[PDB]
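Put chain B on the given structure of chain A with help from the hints.
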Amino acid sequence: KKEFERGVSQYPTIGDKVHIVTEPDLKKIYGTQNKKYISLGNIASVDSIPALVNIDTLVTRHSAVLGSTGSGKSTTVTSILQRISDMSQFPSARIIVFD
Amino acid sequence: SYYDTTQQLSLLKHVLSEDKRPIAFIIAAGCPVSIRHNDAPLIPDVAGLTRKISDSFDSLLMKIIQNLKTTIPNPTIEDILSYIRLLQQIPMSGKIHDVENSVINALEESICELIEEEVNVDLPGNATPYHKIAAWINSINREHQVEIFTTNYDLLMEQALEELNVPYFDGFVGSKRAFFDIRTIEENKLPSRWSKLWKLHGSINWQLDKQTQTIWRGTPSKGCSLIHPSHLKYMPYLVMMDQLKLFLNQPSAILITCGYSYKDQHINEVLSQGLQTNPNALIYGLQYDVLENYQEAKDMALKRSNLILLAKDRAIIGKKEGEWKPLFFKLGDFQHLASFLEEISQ
Numbered sequence: 627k628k629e630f631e632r633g634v635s636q637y638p639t640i641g642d643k644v645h646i647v648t649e650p651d652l653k654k655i656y657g658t659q660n661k662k663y664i665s666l667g668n669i670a671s672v673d674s675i676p677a678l679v680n681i682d683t684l685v686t687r688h689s690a691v692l693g694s695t696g697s698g699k700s701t702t703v704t705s706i707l708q709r710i711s712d713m714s715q716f717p718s719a720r721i722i723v724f725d
Numbered sequence: 321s322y323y324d325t326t327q328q329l330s331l332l333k334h335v336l337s338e339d340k341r342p343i344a345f346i347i348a349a350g351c352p353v354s355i356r357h358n359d360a361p362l363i364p365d366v367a368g369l370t371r372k373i374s375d376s377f378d379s380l381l382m383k384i385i386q387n388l389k390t391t392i393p394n395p396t397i398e399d400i401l402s403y404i405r406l407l408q409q410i411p412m413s414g415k416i417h418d419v420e421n422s423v424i425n426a427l428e429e430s431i432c433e434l435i436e437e438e439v440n441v442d443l444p445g446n447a448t449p450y451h452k453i454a455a456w457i458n459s460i461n462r463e464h465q466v467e468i469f470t471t472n473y474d475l476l477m478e479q480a481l482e483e484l485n486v487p488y489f490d491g492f493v494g495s496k497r498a499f500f501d502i503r504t505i506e507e508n509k510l511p512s513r514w515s516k517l518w519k520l521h522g523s524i525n526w527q528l529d530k531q532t533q534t535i536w537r538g539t540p541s542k543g544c545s546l547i548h549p550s551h552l553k554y555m556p557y558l559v560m561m562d563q564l565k566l567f568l569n570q571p572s573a574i575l576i577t578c579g580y581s582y583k584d585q586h587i588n589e590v591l592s593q594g595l596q597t598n599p600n601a602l603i604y605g606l607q608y609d610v611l612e613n614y615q616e617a618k619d620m621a622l623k624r625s626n627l628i629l630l631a632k633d634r635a636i637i638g639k640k641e642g643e644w645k646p647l648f649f650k651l652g653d654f655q656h657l658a659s660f661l662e663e664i665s666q
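Protein sequence lines correspond, in order, to chains A and B.
To get the numbering used here, take the position in the first sequence, counting from 1, and add 626.
To get the numbering used here, take the position in the second sequence, counting from 1, and add 320.
Chain A with its partners taken away, still in its complex shape:
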C-alpha cells in the first residue's frame, strides 16, 4: 500500500488471471505526492488524470521537442512556456527564446 515502484519482485505463473486497469489504478500509477512535479496535460485514455512532469530535471538536465511541422509543435512549445512561467506560482522565472 505504499506506491507504484518500477521493477517487479516475483513473476506470474501459469494460469494467473489477467485483469484490466481501471481509472483509480491509473491515478495510482501516474500520480505522485512530490511537490516538484507539475501537471502539463492529460493522459490520452481518460482525461481525468493529470500528466505530472518534473521541472528540475526538465531544465537542469536538458529538454528537446521534435515533430513534424503539421503536428503543431509551436502551440505545444507556447503552452509549455506559458505553464512554466506562471506568475502566481513561479514569480521569478527566467526564459530566453531564440525566435
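Since the hints were derived computationally from the structure, they do not count as laboratory data.
Quick reminder that beta carbons are idealized off the backbone N, C-alpha and C, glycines included.
A couple of the hints might just be wrong.
[What the hints assert, rightly or not] Result set (DMTMM-like, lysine to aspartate or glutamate): computed pairs, CA atoms no more than 25 Å apart in a straight line:
1. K640/B to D725/A
2. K639/B to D651/A
3. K699/A to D673/A
4. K654/A to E429/B
5. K654/A to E643/B
6. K632/B to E429/B
7. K653/A to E429/B
8. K383/B to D324/B
9. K645/B to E629/A
10. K639/B to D673/A
11. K623/B to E629/A
12. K383/B to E429/B
13. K542/B to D365/B
14. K542/B to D490/B
15. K542/B to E643/B
16. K618/B to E629/A
17. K639/B to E629/A
18. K654/A to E641/B
19. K640/B to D682/A
[As the list claims (entries may be wrong)] Derived Cβ-Cβ restraints for the label pairs, each shown as a range:
20. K333/B to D682/A: 36 to 46 Å
21. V610/B to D725/A: 40 to 50 Å
22. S697/A to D339/B: 51 to 61 Å
23. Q327/B to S697/A: 19 to 29 Å
Relative to the frame of chain A, chain B by itself:
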C-alpha cells in the same frame, strides 16, 4: 473532482450505437413541459397541476390540504387523489371533514373531468421532439427492440408514433373494446419488429367498465377515466412493474430517464433492486436542474455504483461527486436530447 462533458457524450454515443444491448426509455412529465405550443406551456408539470387545482377547485379542500400537510410537505395531485380514494375506502368517512360524505365522490369526479379536459391538448406539427425520437426508433433494424415507459397521462407518444407509422404494442389487444391481455404479456412471444410502449401511471383513455370488473382501453369517455397513480384494487400496475423489473435483469441493459424528478417511491426502489441484482445493468439519469435538488438521486448514486446521474452544473459518477470542466451539459433538456438522437440517427 472534475469531469469533462465531451468524453461523457462520446461514451454515450458509443453506447447508443450498439444493437446487441437492449435499450429502453423513461419519458416522465419533464418532457412535455419542454415544448411550447402557445405562450403557456403545452402541458404543465405537477406543480402546475397543483396550482391549477388550487385556483380552480373550497373550505373542505383547504381542510384536506391542512390535514395532509400536518405530517407531509408540499403536496401533489397524486397525494390528494390517494387521500380521496383512501377516504372512499371507508364507508362512513364523511365525518372526518364534517361533510357527511357523498360530496367527495362528486369533487373527485369534477377534478378528474378538469384534468382530463386540460391534458387533451393535441400535438403540434411534425417538428416535435417526439417525432424525432419515433424516427430514430425505426431507423435501425435492431435485433432487440426498444421498450418505452411513460408516466404521462397524455397521448403525445401515441400521436407522434402514429404520425410516422411504426410497429407498436401497449398490451391491449382488440379493435372495438381493446380488451387488456395478460398472457400475451407474459409469454413475450412477439416478433422483434413490434415495439413496446407501457404506461406505468395510467393514461386518460382508460375506462373502468365495472360490472364484471374488467379493464379496457379506447375512446375517452366523459368523466370516466382511470388516472389512478397506483390505486388499491383487489391489475396492470403490478404486472407492468414486474415487466420493468424483468427487463432490468437482462444482460447488458441500458435505461435512459429524461425529465424524471425521482420523487416517486416505488419506481426508485424497483430501480435500486434491479441495479443491485444485475451488476451489468446501467442507468443514465438525465436531469435539467441543479444537482442539489435531487436528494434521493444522490442517495441512489452513492449507493448503486452502476447508476450515472448527470445534472446541469454537477455530476456524480461511480459514487464520486464532481463538477463539469469549464451551466453546462445542455443534454438534460428534452429538445437537446431529441436533437442529439436525430443527429446520431443518420
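Failing hints, ascending? Hints 1, 4, 6, 7, 8, 9, 11, 15, 16, 19 and 22 not satisfied by this model.
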